[PDB]
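Take a look at this one chain, the form deposited without the named molecule, written out in structure tokens.
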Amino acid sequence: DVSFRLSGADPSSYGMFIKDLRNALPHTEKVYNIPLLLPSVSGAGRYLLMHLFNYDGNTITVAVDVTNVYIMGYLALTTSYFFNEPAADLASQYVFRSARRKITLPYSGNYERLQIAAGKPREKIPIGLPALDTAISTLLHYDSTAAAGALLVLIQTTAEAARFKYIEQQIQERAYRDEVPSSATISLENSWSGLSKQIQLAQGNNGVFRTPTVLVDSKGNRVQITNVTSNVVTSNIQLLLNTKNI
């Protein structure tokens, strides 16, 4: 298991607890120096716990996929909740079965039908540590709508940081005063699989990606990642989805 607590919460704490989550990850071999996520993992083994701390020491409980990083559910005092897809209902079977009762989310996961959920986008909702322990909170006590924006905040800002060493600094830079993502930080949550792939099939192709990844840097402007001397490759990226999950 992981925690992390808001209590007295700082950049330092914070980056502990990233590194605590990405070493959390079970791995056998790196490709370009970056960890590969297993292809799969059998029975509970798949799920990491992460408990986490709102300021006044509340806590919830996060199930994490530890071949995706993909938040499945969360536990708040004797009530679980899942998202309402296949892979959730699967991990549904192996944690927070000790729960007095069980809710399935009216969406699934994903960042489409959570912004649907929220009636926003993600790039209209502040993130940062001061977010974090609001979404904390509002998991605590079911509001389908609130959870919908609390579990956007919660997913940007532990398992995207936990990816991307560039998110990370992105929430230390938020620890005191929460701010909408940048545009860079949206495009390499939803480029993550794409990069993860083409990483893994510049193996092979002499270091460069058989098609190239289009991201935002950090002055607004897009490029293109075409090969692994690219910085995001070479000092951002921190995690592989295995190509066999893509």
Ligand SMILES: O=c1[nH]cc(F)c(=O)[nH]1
Given for the second form:
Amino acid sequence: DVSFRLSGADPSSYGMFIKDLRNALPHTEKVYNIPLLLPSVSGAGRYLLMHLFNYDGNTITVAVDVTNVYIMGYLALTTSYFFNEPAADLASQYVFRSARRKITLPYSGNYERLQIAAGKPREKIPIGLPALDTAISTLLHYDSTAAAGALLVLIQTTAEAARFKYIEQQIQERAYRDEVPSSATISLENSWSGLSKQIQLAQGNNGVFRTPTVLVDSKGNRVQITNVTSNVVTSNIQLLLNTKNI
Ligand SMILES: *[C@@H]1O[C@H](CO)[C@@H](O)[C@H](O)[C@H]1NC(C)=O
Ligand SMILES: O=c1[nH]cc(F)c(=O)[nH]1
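Now that the form deposited without the named molecule has been shown, please provide the structure of the form solved in complex with the named molecule.
Everything in the complex follows now, all chains and molecules, and the chain you saw is the first one.
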């Protein structure tokens, strides 16, 4: 299981935690040198548990589906919380079984629903390590509205970071000062599926995308991705959603 402690955390250890997180996700083949996530995994092995310690030392353990990196729920002391969706439902059958009581949140785990519950788009939610420390603290003491925003932070400083090196770096820059994500970061988070798909469909198409993926670069400019030589593919994306799950 992968751990990360916010006390004494700096860009280096966060990077190491994020590396650990990538290493914990199983894969058989690589596509254009990028680990390909399994189509499916049966049993409790389908879930990865992240122990997260906030600055004061308090911890929550988060359950992640290793086939897509989606957070399914988490455990705070003796209570367990899972999103209101089938996947998480299934997941609750394998993790945090010993929790003295289980709560299901009033929303599913997709950004659309979390932004509603939180009452604000993630474009306006500062992220960073300090922000992660808050999020961890927030989830310990239940408040579905607060948790929604906390989860939007956790998902991005965790899952999205593992998936994209750019995002990992965005977080390292925000190690001592939170800042809303650049729209490039949002652009990526929303293109993971499309990119995972087009990168796989390129395997038999000479590394050329059947359909190009439109993103926004760091300068804020609209940009098209047509082939695996792009830096997005050669340098950025670190994991790929298996096309079986698309
Ligand atoms: C592929 O993408 C590269 C990098 O963005 C770009 O310079 C080039 O025009 C593209 N080439 C082809 C054949 O699509
Ligand atoms: O829409 C989503 N994207 C990525 C995630 F990890 C998630 O839970 N929801």
